[PDB]
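Just one chain is shown here, as structure tokens, and it is the form solved without ligand GUA.
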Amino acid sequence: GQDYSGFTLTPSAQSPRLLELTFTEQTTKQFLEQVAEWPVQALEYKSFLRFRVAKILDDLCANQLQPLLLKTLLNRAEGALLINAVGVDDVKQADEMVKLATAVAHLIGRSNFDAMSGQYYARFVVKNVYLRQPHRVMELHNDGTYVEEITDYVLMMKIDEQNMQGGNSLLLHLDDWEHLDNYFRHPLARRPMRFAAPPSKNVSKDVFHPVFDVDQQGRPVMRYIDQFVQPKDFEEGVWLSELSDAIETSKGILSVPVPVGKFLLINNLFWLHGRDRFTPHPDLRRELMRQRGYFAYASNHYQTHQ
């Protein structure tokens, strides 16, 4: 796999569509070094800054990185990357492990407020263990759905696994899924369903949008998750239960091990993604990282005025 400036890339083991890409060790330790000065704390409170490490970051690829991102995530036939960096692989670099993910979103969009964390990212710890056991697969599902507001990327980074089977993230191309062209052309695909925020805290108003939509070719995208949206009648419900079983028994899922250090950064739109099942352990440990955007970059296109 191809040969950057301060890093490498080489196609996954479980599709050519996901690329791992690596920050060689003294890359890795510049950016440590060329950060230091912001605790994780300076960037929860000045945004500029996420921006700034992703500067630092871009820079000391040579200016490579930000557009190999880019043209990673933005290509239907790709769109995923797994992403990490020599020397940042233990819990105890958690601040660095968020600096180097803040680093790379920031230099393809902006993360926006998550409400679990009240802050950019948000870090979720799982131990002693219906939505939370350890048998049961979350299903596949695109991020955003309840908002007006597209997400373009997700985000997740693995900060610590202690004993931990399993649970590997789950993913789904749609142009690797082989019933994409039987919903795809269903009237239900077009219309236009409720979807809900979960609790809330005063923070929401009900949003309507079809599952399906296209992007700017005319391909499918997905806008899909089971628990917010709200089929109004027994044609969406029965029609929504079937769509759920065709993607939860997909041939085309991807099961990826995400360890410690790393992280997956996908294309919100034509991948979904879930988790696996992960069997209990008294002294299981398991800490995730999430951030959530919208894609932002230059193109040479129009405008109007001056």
Given for the second form:
Protein chains: 4
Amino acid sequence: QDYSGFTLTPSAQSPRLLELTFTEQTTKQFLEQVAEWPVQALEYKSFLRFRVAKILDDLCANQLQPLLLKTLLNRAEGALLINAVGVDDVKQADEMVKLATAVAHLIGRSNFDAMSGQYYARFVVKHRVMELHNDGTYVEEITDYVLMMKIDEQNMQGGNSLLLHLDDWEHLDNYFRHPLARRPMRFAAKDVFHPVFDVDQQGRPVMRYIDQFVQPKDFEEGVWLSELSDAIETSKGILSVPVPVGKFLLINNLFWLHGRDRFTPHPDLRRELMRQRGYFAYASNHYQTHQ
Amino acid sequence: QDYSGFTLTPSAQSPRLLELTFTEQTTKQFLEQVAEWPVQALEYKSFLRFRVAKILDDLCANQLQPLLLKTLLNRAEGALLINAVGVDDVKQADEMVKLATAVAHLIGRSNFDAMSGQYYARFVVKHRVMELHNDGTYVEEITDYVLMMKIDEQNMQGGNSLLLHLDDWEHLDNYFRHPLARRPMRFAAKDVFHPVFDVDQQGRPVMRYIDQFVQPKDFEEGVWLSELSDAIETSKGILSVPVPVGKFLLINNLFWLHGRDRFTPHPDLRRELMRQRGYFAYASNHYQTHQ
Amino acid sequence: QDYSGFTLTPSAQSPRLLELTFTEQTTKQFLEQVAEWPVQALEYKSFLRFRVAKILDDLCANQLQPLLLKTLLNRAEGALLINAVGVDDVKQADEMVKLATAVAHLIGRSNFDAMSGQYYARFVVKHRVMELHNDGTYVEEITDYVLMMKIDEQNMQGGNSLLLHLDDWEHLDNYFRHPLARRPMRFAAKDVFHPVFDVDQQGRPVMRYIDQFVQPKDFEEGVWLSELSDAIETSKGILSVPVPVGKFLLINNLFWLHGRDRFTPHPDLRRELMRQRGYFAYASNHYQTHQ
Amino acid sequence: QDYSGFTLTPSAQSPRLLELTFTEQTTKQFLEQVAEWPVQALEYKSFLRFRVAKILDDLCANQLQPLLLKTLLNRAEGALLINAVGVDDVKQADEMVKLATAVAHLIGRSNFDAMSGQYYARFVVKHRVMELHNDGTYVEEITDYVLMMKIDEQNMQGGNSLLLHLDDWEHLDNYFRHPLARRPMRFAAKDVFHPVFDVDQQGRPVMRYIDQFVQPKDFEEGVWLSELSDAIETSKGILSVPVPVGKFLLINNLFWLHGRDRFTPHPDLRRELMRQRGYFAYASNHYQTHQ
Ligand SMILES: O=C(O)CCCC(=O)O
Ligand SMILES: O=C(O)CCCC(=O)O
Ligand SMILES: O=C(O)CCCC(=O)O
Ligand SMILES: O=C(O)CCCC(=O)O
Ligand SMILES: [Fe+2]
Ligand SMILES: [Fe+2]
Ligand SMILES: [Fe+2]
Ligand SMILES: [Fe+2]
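With the form solved without ligand GUA done, generate the form solved in complex with ligand GUA in the same format.
The next block holds the full complex; its first chain is the one shown before.
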């Protein structure tokens, strides 16, 4: 469908993953109206992350924020691949960070990243599969969204993002109905405890899993987790998604798992990524007390 | 008016800001009577900060402490620019620190400075505006006073101290009456929570704001804070105050915000500053219990 | 006796210490079936420690785990010296770690080692007695088992493992019946407090002692601890056990103490060790509440 | 008087300070019987500190411990200068540490020293007065004793230990009867709070004072502390005590303050000191409950 300032279309991998593209006109207006604040301004003054979010959404006739929220909160969807026409080269890395910042802070707030010391982190790669997982499993607070952007890509064969929506996982009911699915387990990167599975508000399964940080306490937990790992990694429901330079995935971390495919080692390989993770925060008609 | 040991006169920028000058006679007597304790003695033995405060006030026929307290506690004023005749060169930096220490510890105590590891900090600059703010917003305890002294100044164009008394801010009522004015927000440099506005004992607005450390949790808090920032930074009530070498500002941190103007980058630029921050502590007739 | 996949035989030092040897056939099958996961995979993904435990026990017709548990939990025994035919050279260090990992995680879980940052630690030596002690005395949680493996041994004269089963200690009753045996004392490597002696479920003495970390608070505690030390170190019940390359001791840390004999300083001496410590965890028929 | 293994005699500075000298026969027997444990053994295994204490006291026909306790606990005395005939050269530093360790652990236990990471600390000096103070004022637990030993002394003019018994301080009653004497104040090297004065079991004044770590909160506390400082530093009751190599002071930290006199800067100056601090612990007939 045609919205104000962007277009929206289902991906070739899955109707659950929608591709959102900001038009050139919208992109150049946004970059002009946020040229005043460099990325370092966003790092130091967090309210500016919300200011550039507003500018972007205002440029979309206030259609962007409700569309982002409806898509990410919809159990049937929950995943976007987002880009802006004309932003597609590593030389525009700062513009990429500004744009991703604006989109994220229309739907929530991005958390501190211990690896960068900022609300986002940039990584350079210069090659086996990264297994599917949820982020944020080793802290008490829930991470609702994962944002992963391709900043640069050179002589890169393979390395697609891997995605699995829990409602596409043919082994969901077998593992979810197991008693250990509800057992709180230790997670360590202070340790926290929570089960591998939980439920959303409607009783449907969500996951809080990563194989590196879950710490099975005994043989019973361990053997079950290793079968869970196999059952996830071999699932026929996994999506394999190219993420070209200037595109980013924005996914609901509760019922999507993500990872990364193997890629070819090449001497001149360069891949740059940018990540953000945070929680949802948005207005809705709902109950409160007092005045 | 003519006091004992010093003179007091309103500034050219504002009747709220008073200029206090210690006479040459008072200055040389003070420096003589405190020559026994170098600044390093004040760093190691905090009661000596109060000893040099007493010496200074005794040299003013005990008129200084009550004048300092009455001015800083007066909502109509709350700000002093203080100097001593004959102390005006970077070579007298230690004397400057002694004098500022004596003045501060007549009205309170200066807190530990994480940047220096001492009760004061000296910074050298060798250029855009520093936005108006209150100090101490990222800890639980209230900072009542900010003390900022010019130790050295070379080839410096611009860079005045910026000051804003809340009762000169034409947008006070619009932001203070907003519901978010009373919302406790997260501040981070352990995180603390408090609103951007509060009230003094008489119900009049005070502020605990800085754009770098306030952490809006969502789009609602963020957009409001960015408009607050604009409304402060563009206020026609801001004072632009030169602070010559050997002068220091001493302001009530609750209803004055402070910052620093842009200055010209110059290859041979040198500016040295000294800061102290602390809480008020003083005698008054008021109620207690027991014996 | 002849079990499935291994043999079991009493040691020459003591009927309490049993020697368990995996057959060549079992050893090569295990190494083949776990070749897919290098040691670094076990370091990062703890459930894999339980996966390789299962593979080993499945290769023993599920006779290994119950035998390990029955031996280690038996007060009359509680100690194993374990090896696999064909794994006996430092070049197979990784295979050694895999095998020891599999055995340990059939009976419990190995704890984080602050010296290595992993669930195990490797040390190289390149010479006086290490006194008998229990591990884990400076934390609140009980360490049930100590696993010590010889990875390499070159020009090594002496240095046997020293072992003492409390039921072989001729001074047990004299020290256990002393009031200070039940006095909680301070242990420090946050400090913890516990007595030097405790009891198992049947009222029989267990120990939580090491001379370096126990911190007697006064002359009374100190003199008694020094006599305890002498009484342990001179006990005629101590076993002196060679541990050849590829063998490991696996002992119940509650009623066995361990240490190390003096060895000859030699310029070309090389000794490599690997340790794991953890808690028991296993299935048994016992009571629970609720459903 | 003549005791078994040592002699005891009042000092030339004060009848409150007694000089205890171990005879040559006692000294050589002690060093022989503790030759088995080097100082590094005492650092690692704290009960050995009590073992060498016992050996020393046994060599004194068990007269040493009761004499040490009676002297240090006696309000009229509370201070010893201790030496052993034949131990008087820096080359015997380890022997000095052994001897001081044995004496201290007959009457208590020496605490961890953050400056050395051991139960004692050695410092080399290679020159103004160190003001009188009590140790341990910045932690919650009471330090009952300070032990200070001269390990080496070369081209040293001046630098006597300074001592003040509170019952020799002509200003005791004036400061003790002041309300601020009972005011808990902040001490910082987590901060602790306690008054400058307290009382012993009989209501007599004790002190917990040092000018560097006490943190007066305001002008009232500060001015009073500075007068207290003057009143202590100018007291005519201060003792000036040479401490030759191999001698150590052992004082009751509650009613003795200590410091150090000025000394002459000399290019070839070398002074080595060893300190221990701890709490009293000893047997006495007194009440308990239960069995
Ligand atoms: O993001 C997190 O907080 C946990 C997952 C880290 C990873 O991506 O491996
Ligand atoms: O002073 C503080 O404690 C907060 C403000 C720091 C600044 O001046 O930017
Ligand atoms: O293992 C531990 O946790 C304590 C003992 C350390 C040692 O082997 O000396
Ligand atoms: O010993 C302490 O714990 C406090 C005093 C330190 C000093 O001797 O200056
Ligand atoms: Fe991730
Ligand atoms: Fe400031
Ligand atoms: Fe051990
Ligand atoms: Fe001291």
